[PDB]
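Quick setup: one chain, the form solved without the named molecule, written in structure tokens, and binding and motion questions come after.
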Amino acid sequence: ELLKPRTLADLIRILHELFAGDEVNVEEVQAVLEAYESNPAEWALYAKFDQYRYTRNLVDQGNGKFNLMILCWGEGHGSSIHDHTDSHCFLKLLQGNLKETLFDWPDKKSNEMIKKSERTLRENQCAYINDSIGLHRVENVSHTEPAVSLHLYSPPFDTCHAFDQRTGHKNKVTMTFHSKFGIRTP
């Protein structure tokens, strides 16, 4: 029975119940993520920025079923065009705004990747993506406001592909955590 998360800690407890089985009810996970009202005091520990690019900060390992992490986006910071390695990916805004641009999977032929759509994700909104939906790029286009987002990936993954927008060619990238459980991990 899906109740409103009172705090980040309560949210994490609810997610462990939702991921207790072998499958994922996407709409229920999205609904509970959206229902958590961002409270900056609860996640300040994980919000560790870098001057030059966005940072990934591990919050919870989900008893092995999912990774929950906080991403911190300085002004102008963005991602590659990327896939999600056959995982579910949920993205909830905790602070600021992010622009999400969707792309189709490239064809074998080298060609410019054209965007299919774009939207602005605003505070407390939760977006969802998986490989069957397509690829995306996520960017903080603000010149004045850092953004902070809460990401849930199931199953967890530590590698994905980055796509060259000019050709559609991909390269495997291994992502690293900036911090884990509030502790910087160089």
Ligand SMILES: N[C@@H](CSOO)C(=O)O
Second form
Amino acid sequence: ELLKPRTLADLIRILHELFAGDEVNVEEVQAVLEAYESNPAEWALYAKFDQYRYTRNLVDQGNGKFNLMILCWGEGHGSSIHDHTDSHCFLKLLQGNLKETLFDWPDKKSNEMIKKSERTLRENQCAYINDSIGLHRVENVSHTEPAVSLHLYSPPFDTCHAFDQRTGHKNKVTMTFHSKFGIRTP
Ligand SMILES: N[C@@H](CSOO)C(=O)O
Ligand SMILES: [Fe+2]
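Given the form solved without the named molecule, corresponding form solved in complex with the named molecule:
The next block holds the full complex; its first chain is the one shown before.
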């Protein structure tokens, strides 16, 4: 039974129930994520920006089953083209906008990766991706507005691949938390 999360804290309690079991109901997780109405006061503690690139800020470690984190994208900051390491990956905008570009998995041959499509994710919208859908790049293309997103990955993962748009070649990248539970972890 899916209720509206009243607060970020309420959302987190609800996610612990939804991930109590071995499987994931994606549409339900996505629906509850979308239904949370972003309230900046509730997440200011996690919203720690870096001038030069986007940051990942751990919010909740889950029940063994997922990580919840807040990413803060300065003006012009974006990701690589990457995968999600056999995990569910949910992305909800808490502030500003992000452009999401989708790519197919590259073939063996070295070859420019062409965009499958792109969309603009707006405040409070929740997107979903997994490796079976494809790869994506996420960017704050704004010149004036920082963006903040709320991401849920299950199972948790610490590593992923970045793809060279010109060749399709991939490189394993380890991901680091800029902060955990509101504490800067340098
Ligand atoms: N996967 C990237 C961000 S876009 O993922 O929805 C990351 O978590 O660093
Ligand atoms: Fe991603």
